[PDB]
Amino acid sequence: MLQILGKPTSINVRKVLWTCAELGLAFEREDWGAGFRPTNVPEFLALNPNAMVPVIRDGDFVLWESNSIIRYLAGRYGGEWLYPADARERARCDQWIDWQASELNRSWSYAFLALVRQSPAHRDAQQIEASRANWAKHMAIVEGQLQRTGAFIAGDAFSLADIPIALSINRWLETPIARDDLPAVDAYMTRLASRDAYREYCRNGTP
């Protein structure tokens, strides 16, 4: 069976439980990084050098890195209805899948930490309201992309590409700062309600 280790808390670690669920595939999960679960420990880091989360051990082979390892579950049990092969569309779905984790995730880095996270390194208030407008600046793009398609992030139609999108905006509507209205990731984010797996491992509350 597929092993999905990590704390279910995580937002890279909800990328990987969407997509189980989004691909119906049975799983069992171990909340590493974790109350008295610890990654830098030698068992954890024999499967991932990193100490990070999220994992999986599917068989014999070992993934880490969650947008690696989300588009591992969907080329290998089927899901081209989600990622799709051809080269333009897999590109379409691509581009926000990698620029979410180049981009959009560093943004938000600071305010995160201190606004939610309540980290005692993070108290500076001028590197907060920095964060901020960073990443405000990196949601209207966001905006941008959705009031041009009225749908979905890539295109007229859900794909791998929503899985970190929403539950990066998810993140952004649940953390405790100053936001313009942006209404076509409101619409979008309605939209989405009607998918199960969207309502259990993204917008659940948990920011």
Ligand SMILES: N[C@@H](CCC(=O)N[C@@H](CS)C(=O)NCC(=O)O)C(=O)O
The other form holds:
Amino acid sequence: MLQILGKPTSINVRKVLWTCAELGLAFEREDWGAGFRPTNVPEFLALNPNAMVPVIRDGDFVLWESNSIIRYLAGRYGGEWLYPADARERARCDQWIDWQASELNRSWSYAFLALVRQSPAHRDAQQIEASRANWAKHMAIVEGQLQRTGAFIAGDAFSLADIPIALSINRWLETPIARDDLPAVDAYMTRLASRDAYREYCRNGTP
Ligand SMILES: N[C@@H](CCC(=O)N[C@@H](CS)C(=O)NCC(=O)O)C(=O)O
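Since we've got the form solved without the ligand here, give me the form deposited with the ligand bound too.
Below, the chain from earlier opens the complete complex, with every other chain and molecule after it.
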């Protein structure tokens, strides 16, 4: 059985859990990460030198990096409906997957660590606000794209890209910041409510 190493509250672990549920995979999950089981130990470092979650073990195959993992699962487990093989259709998904990780995630760092994790190391109000402002600019880009599609992030159909993106939106909505009205974003999160795995792993009260 596929093994998922990572605490269930982690946004990046939740990408993998949601993907597994969408595809129809059986899995066992072990708690790893801050607050759960420390990752900076030899047994875990041997699997992932970053000492971060998620990591998966699929038979003898070990893989880390959440967006790489969800791509792997969709490619391995009959996920062509979720992550299409056509290069242009796949690219429309990849743009948002990759931007989620390289830009959107990056933008929320200080505000999230300060306000949600209450990190004693992140108490500079100016940096909290800078992070909130930058995050807000990235959310306006998400709003623009959803205004255009009127549906899902990459087009008319739910796709792999909606998993990192909707989890990121959830983080925005659950962090205690003042937020501009983004109606296409709200309508999108309402649309997703019909998906059981979204309710289980995304909009579940955990930031
Ligand atoms: N880029 C990595 C980031 C992984 C990451 O930052 N994981 C967090 C949890 S969301 C973590 O393991 N922090 C270290 C810890 O909890 O000890 C990915 O997307 O998988």
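Here the rigid core means the biggest group of C-alpha atoms that line up within 1.5 Å when the two forms are laid on top of each other. Numbering follows the first chain given and starts at 1.
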Residue among 151, 34, 139, 173 whose Cα moves 2 Å or more between these two forms, once the rigid core is superposed: 34
